[PDB]
Amino acid sequence: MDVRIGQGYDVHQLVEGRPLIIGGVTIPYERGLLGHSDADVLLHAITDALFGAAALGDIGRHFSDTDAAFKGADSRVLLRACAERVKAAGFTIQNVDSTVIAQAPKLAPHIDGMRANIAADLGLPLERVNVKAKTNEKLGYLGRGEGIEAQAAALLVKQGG
Amino acid sequence: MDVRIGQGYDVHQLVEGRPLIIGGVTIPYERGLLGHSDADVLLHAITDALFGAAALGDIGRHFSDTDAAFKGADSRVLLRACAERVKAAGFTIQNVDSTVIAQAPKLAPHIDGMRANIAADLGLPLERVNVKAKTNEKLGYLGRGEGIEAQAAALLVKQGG
Amino acid sequence: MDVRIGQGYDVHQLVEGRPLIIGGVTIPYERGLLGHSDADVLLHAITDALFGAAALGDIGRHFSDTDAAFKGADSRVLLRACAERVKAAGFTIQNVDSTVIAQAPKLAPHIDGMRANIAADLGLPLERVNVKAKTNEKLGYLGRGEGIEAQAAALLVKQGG
Ligand SMILES: Nc1ccn([C@@H]2O[C@H](COP(=O)(O)O)[C@@H](O)[C@H]2O)c(=O)n1
Ligand SMILES: Nc1ccn([C@@H]2O[C@H](COP(=O)(O)O)[C@@H](O)[C@H]2O)c(=O)n1
Ligand SMILES: Nc1ccn([C@@H]2O[C@H](COP(=O)(O)O)[C@@H](O)[C@H]2O)c(=O)n1
Ligand SMILES: Nc1ccn([C@@H]2O[C@H](COP(=O)(O)O)[C@@H](O)[C@H]2O)c(=O)n1
Ligand SMILES: Nc1ccn([C@@H]2O[C@H](COP(=O)(O)O)[C@@H](O)[C@H]2O)c(=O)n1
Ligand SMILES: Nc1ccn([C@@H]2O[C@H](COP(=O)(O)O)[C@@H](O)[C@H]2O)c(=O)n1
Ligand SMILES: [Zn+2]
Ligand SMILES: [Zn+2]
Ligand SMILES: [Zn+2]
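Respectively, the protein sequence lines represent chains V, X and H. For the first sequence, this note's numbering gives the first residue as 410, with consecutive numbering after it. For the second sequence, this note's numbering gives the first residue as 410, with consecutive numbering after it. For the third sequence, this note's numbering gives the first residue as 410, with consecutive numbering after it.
Since the hints were derived computationally from the structure, they do not count as laboratory data. Treat the hints loosely; a few may be bogus.
It does not matter which identical chain is meant; a pair holds if it fits inside one copy or across any two.
[To be verified] With a straight-line cut-off of 20 Å between C-alpha atoms, the simulated EDC-like cross-links for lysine to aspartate or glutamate are:
id: 1; residue 1: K496; residue 2: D411
id: 2; residue 1: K567; residue 2: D411
id: 3; residue 1: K515; residue 2: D474
id: 4; residue 1: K567; residue 2: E425
id: 5; residue 1: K547; residue 2: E536
id: 6; residue 1: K515; residue 2: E493
id: 7; residue 1: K480; residue 2: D411
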């Protein structure tokens, strides 16, 4: 088994006037993430971990502002597209694990929805997808609720068939 | 062989009047970590990584306030119970690696004691457990000594036989 | 296959009067990283991830500023020495992935040069080395351009022959 590791990072500012969408789940909340389209910090981090494991670069290098195929793409579309490219490069996905750091709101009741979304987008059963939530103990911009961070890890095997 | 990756994160505030306990090792110091029980930032991060690798959620999901069987539990008990559940889920542990970010004090003389505690609670030989230490170059709440961070990574195998 | 995971972290201050050297690549910029020698945040993070995976401790414990054999060693010499120690411990490197978090300058056109330096230094083909770049969305010291962080992950196999 030619096994490979990938890691990903993302962060977005939390601001008034926007919906909170994490792992494709809309979480009712006074504020939301700032960025293009749905600003899905968790989906972006996983997308980068998968591209990383496959030595395919990063989410920026694959998905430009001018790319014709992804005009009006949101984060789930990019995640499905990433999955396709990783497959096409000759890899299979062992599993994904992740952590979202948000001081608030509480994410635990929404985690299973995030798992179902990610598993579908990756062609994985639920048992190979995991998402964990953590506060930042009121430390830093994350602790102050100025932002939300996601960390991801992915393991692939290059077939190798 | 069905290999799986997990990653974990923890952080605690560093305050007056608490002992500093990291990797189960009490380290002489004028401040210590805040949180329930012993606030062992490093064991918590390793625990989350193991649960993540097993797709079992996170520490918070497993170890609540109201569980009869774990009041009185400190971080080593939780790490041992985590190991038991990972084994009960059908997995074996390949190894763990980690980093503790603290501007001070020096952790290097205490690292081997941390490794031995962790290997014992996970039933691993020392040679499969690693702990590393970093400062934060005087940047951020970590660099100012307002908290301590731990990062961890675990690799399991779903047996598989 | 006796597979093992490693993870690494580094951060350095960004200051006037220093070159910006990341992954062995000099990137013209008004500011550069503070630290001994070249202060190569990326190469240090990768070095730690590899020592971690082999359970050989960390970069600081291996490379003393007192060691005769490495005074005047820059970060590429350290990464090469690291690779050599990991080999003698009986390990082979599957792959390395990483992220550099810098608000600026743009790193994308320099990434392939970094990958080439890393692949050379580790004895790997380019296909097993990845480097990704992220801003910090103007958050925190990273966001304000006061430093640069690197994250790494490495996968080893203990021979196992
Ligand atoms: N310093 C930086 C930061 C980001 N980038 C590129 O910009 C893309 C978008 O990054 P952000 O999401 O941080 O805005 C990244 O995925 C990477 O391709 C870069 O090339 N240099
Ligand atoms: N809907 C989206 C979301 C993100 N992206 C690209 O994904 C990369 C990372 O996303 P963020 O900068 O929003 O974290 C960016 O380069 C952005 O251009 C995109 O092209 N379309
Ligand atoms: N935003 C957050 C942060 C934490 N949590 C849950 O709270 C539990 C403990 O979080 P902390 O260690 O950050 O206090 C986490 O393990 C997670 O289960 C959550 O559901 N939503
Ligand atoms: N002694 C302890 C320490 C932690 N825990 C659980 O571990 C979770 C994560 O730990 P921290 O919040 O202290 O990082 C907490 O939400 C708490 O429920 C516990 O139940 N008993
Ligand atoms: N709190 C700390 C921070 C660093 N260290 C040691 O110092 C060495 C260099 O650390 P820095 O690069 O963060 O300065 C580390 O690799 C580790 O060996 C330590 O033992 N305790
Ligand atoms: N040129 C260099 C760069 C780093 N090092 C060692 O590498 C470790 C990590 O480097 P930094 O503290 O500069 O991130 C330190 O212990 C430093 O002593 C070295 O000995 N020679
Ligand atoms: Zn994003
Ligand atoms: Zn904790
Ligand atoms: Zn460094």
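Comparing the hints with the structure gives:
| no. | hint | verdict |
| --- | --- | --- |
| 1 | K496 x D411 | both (14 Å within a copy, 18 Å between copies) |
| 2 | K567 x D411 | both (5 Å within a copy, 14 Å between copies) |
| 3 | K515 x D474 | between (32 Å within a copy, 16 Å between copies) |
| 4 | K567 x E425 | neither (43 Å within a copy, 44 Å between copies) |
| 5 | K547 x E536 | neither (32 Å within a copy, 36 Å between copies) |
| 6 | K515 x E493 | neither (32 Å within a copy, 27 Å between copies) |
| 7 | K480 x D411 | neither (35 Å within a copy, 37 Å between copies) |
Violation of the numbered hints given earlier is confined to hints 4, 5, 6, 7; the remaining hints are satisfied by the structure.
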